[PDB]
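S.K.: Assemble chains C, G, H, F, A, D and E onto chain B, guided by the hints.
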Amino acid sequence: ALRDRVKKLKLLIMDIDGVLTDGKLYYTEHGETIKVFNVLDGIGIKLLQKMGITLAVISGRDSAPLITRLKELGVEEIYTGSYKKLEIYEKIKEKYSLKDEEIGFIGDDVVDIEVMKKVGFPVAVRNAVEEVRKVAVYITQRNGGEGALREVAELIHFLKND
Amino acid sequence: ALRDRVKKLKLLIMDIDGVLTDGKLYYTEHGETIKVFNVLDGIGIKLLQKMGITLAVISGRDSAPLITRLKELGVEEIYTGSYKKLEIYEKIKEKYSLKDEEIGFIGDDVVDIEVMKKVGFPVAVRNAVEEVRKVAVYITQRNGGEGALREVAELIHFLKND
Amino acid sequence: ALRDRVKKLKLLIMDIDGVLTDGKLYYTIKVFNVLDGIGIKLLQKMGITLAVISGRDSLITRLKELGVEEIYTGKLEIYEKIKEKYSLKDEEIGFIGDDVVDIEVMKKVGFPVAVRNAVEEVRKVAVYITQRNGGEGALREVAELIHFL
Amino acid sequence: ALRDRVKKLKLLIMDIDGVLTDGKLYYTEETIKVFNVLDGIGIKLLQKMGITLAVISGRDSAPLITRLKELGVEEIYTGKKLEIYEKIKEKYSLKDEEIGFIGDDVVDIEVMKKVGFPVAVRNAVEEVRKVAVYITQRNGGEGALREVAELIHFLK
Amino acid sequence: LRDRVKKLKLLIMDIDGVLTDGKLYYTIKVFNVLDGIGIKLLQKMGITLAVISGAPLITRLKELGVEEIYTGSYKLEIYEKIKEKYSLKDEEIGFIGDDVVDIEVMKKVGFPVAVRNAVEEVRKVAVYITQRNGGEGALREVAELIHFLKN
Amino acid sequence: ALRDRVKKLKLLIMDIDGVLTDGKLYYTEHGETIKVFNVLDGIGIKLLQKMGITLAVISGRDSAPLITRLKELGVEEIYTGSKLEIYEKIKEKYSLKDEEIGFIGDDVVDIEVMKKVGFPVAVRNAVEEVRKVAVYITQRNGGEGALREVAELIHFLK
Amino acid sequence: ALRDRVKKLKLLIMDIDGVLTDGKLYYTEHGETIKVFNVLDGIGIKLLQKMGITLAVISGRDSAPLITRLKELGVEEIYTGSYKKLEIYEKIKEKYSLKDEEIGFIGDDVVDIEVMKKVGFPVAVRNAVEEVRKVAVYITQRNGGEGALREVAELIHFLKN
Amino acid sequence: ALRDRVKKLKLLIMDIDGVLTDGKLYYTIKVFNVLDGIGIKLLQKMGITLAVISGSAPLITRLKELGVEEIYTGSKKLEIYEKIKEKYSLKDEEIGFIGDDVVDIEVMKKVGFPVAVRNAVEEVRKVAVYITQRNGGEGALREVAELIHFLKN
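Chains as they are written, first to last, in the authors' numbering: chain B, 1 to 162; chain C, 1 to 162; chain G, 1 to 27, 33 to 63, 66 to 81, 85 to 159; chain H, 1 to 29, 32 to 81, 84 to 160; chain F, 2 to 27, 33 to 60, 64 to 83, 85 to 161; chain A, 1 to 82, 85 to 160; chain D, 1 to 161; chain E, 1 to 28, 34 to 60, 63 to 82, 84 to 161.
The following block holds chain B by itself, in its conformation from the complex:
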């Protein structure tokens, strides 16, 4: 049933903090001015785009380094600022004309539980709370910021071509 969920995947939505990051927030005088990412996740992102999967971002936080990083990777569909994830998710569905089953989500915190409950490919990072790991169909062995996304890309590569 995992392979089926994966073979049908058309759009992968990502959380940022705790997923592409280790959860640390780098602050100077004017807010979150630095964000630390992982190099392997960047190769994973490009691998996912090469295979025809649209990548979306829903992050409760906004950041100039994040936007810069996302734009550099050619990411698309960016929602920052709002923790209203389910309402944003439904905007993504509507504009891409997609079903729940052809969408994925990689989450970390309680905020993402209700999106992952509808989504066909719900993914929890290793360091995610018990509450999102129970709702996940795949749990990464790598923590957020350690190449967790590269891992999901490689699972997707195998199962799509299997």
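Possibly wrong hints are sitting among the right ones.
[Stated by the list, open to error] Computed cross-link-like contacts, DSS-like style, restricted to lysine-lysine with a CA-CA straight-line distance of at most 25 Å:
1. B:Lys7 to F:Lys7
2. F:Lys160 to B:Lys160
3. C:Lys118 to H:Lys118
4. A:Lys117 to F:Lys117
5. B:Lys50 to B:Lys93
6. G:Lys85 to F:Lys46
7. B:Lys118 to B:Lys95
8. B:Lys99 to B:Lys10
9. D:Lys93 to D:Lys46
10. G:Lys35 to F:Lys24
11. G:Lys117 to B:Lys117
12. D:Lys118 to E:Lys99
13. A:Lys117 to A:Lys95
14. E:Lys118 to H:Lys160
15. A:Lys10 to A:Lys71
16. D:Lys117 to E:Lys117
17. D:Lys8 to E:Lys117
18. B:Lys117 to G:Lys118
19. G:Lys117 to G:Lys99
20. A:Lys160 to A:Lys85
21. C:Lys95 to C:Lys46
22. H:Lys46 to E:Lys35
[As the list claims (entries may be wrong)] A few chain A residues that don't get close to chain B, going by computed Cβ distances all over 10 Å:
23. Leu25
24. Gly31
25. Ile34
26. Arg61
27. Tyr79
28. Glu87
Please keep in mind that the hints were generated in silico from the structure rather than gathered at the bench. For every residue, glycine included, the Cβ atom is placed at its ideal position computed from N, Cα and C.
M.R.: Only chains C, G, H, F, A, D and E this time, still in chain B's reference frame:
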């Protein structure tokens, strides 16, 4: 025991270095210009505010990044500078008309010991020195900056509602 | 958090193989752990029903002797049998495992436990991973965490 | 910090299960006795250092305790911890700061919170471990008591 | 890892430090029952089992259906004739070891596995490192990984 | 044979991210403006040069802090934004054979060069496909002082 | 005789990289512009100052953030940019009118070995190479960025009285 | 310089209890690690003299049968160390010690190849150039022997 200690709680005091941070100090040419926090602690902070638990900070180190983070999280009760912890503790008590039993302290270093010996809910981070740990009613599973504050918020949430 | 799930807990299922046992057969002078016997007593005194879904049809005698209720030897269909017999929800059930065939039942229950040296696949489905390896007294550790929480 | 606690130490209370053993029982179709040789050396080492030795365990153990009594351990309590602690404390007229405790049980936690030198075994549940000032490298039954004896001696 | 496991048709292993912790109880033999269950799963899966060792566990192993048993050498020359024998490529074979003598053979095979407490030299040449220490059921672990990553 | 491979070595090529770094990318509004290195690797760089090994860099990523660090250590052959193409240009410039060159990698896009090269090195964290082509794998994960460890190895075998 | 060595201690010298820092180096366009310390080490220094022990630093590397931190800490003798440690060790020893037995040294590097062989209180950090740990009289539990100097300060305070 | 330390090594000294055993005594049977036996054979084949310092009867017989004759019992290890050093005419750098105990530390400080076992007290792990992955009597001696052999060339 523990359930009742936490039901009496209306205010939580916290240190920064070693509690909201891992204890590292990021120096630029002009001093401590960068300060690194944990995204889990920001969620736990707002959860405690929502539950009716006022947050206070007593810390000898002040930082522009610290000020920006705390303001963003709505932590308005902030005492920085070279103060004896007990002096500030009594300013807070007087201001909010609170007893020892209505207050919590999450500490780290020996400078916190006498206040922790007075409060209804004294908490220590896992990395806190044993002198602080012995005076604590609850010791966190997580080190400072790993998400110890969310742990204390979750524990308080469970204990109050049961 | 652990405390929410331990609070609903009424029924705990286990594996034996790699959980109550390290797997070692001594030859037959083979024998087992006393901490787990004291953990079993503690769970039965706490009003928690004990069950076992083992892959190997073996030492059910030690379990019978310690007072273990449900015994299945030689899986989702079996788990569903226990759920209806005791009229419980998923949230009220726990499962201590170390096997990949345990994973799907572990995803369902409210208190899934993995032993320390279980495969990562099993460990990431668990709410609690034990500090003991299984055979080393994992069941005592679980019962004592339940009592504490 | 650790050297300050060790300095005041005059009595070390210990558990049996999970500290002196790994919990395993061995049966010949009879019982194979298991005692760690390093723990006996640890016991003699602690005695030579003037540290009184005591045992508080819920479970009685006939094969150990026989060994411990042979090795010279006399303060033995089997079968309500923190009632028994107060008895040994008063009997030897000591302060909390002067007692150490080696535990592998949640029933030890309240006693370990009081004592000057609380010790937890490596694979003990985190609840126990976070209350101890020292956590051993060795498991129960692999020579944990000897490691505690080694440490006290090094810190003096 | 999911790729390597699909091609797998033969799995070679050490005995000592892998199926055992190396302990000798003195006329007492210790064998891990979990490893017996792992052997049968591998056999159900169509994977041929072999050992290259450099001894009392042999009679139980043969009884459990283990074919190629080589004992007392110290491993590339023996690996090479296992390969010739079954007409297999490197990518179709796996190896479970804990000794530096296994390294050269592990470098060739498609699925090299090291046990938890193996020398770092052995572990760095492994595609997978077991959570079990050996004598704890590390062969059950490898069997169940292959199954999981397959189906 | 490793002693023999080491004895031929005259030029070592390096990847950066996952080799001299732990994979982390530090970003501000204007991109990767902060880059974190290890003091041990700096010692390793110098130690390798004192043994007469030319050092070269072929990285896919470009960064100001990277070139600052690389120039500071006296690394001359720097190639950013890029691998087999660049590999031949270096081989040609220094009139070397495949057997006289080394490569320390982490990523899959290093394999191609690592199969040609005489001293292919994988860092501990390196992907399995990379680790399998390597004749030496470091204990250090990269950012942990992997280059110092490569220097010690070469020093001993020479 | 660890008590004996510490009782003679009047001055304590220390490396930076791998002792006050985890050996990591934060680079920007203009070199090492960020440096990470540990807060526990701050309390360690104030404790040694209270004790009346003079603090020296000898570091191979130099950075703007390094100086700023050491100046804020009130560190008396700051040598930076030099790898000739015996030479400046002899400068510090002369300046303070002291014997080898009155000086301590916490090292990480092989360059420290020769100065540590002279000093009365030679200290290695946990992560230090065997060549250095071998010469030391105390090896710390904590690594470089983890409060290794706090550990040494508390140790000194315990052995002193 | 770990490969430097191994290269000079001519004599390896060890404890028995905690290094060749977990310390457990089975009472009414003896426990030896067979990998340590092979480890012993490899060390011998590489011209490394094996010595033991202990403070015991069951395992000594086995060691004697495998080729270990430099055996010390009933010990305070510095003075017997100087003896082995004198007897074999070696410097500190040519000797190795695999330790488990705080008593070993002074000797380990001096020797060229100090080894600690995985579960040794940290004080003993502090003074080792190598910490083994095996605990106890898991095959720790063999692990040291493999390492010396690998690090040769």
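S.K.: Return the numbers of the hints above that this structure violates; sort them in rising order.
M.R.: Hints 20, 23, 24, 25, 26 not satisfied by this model.
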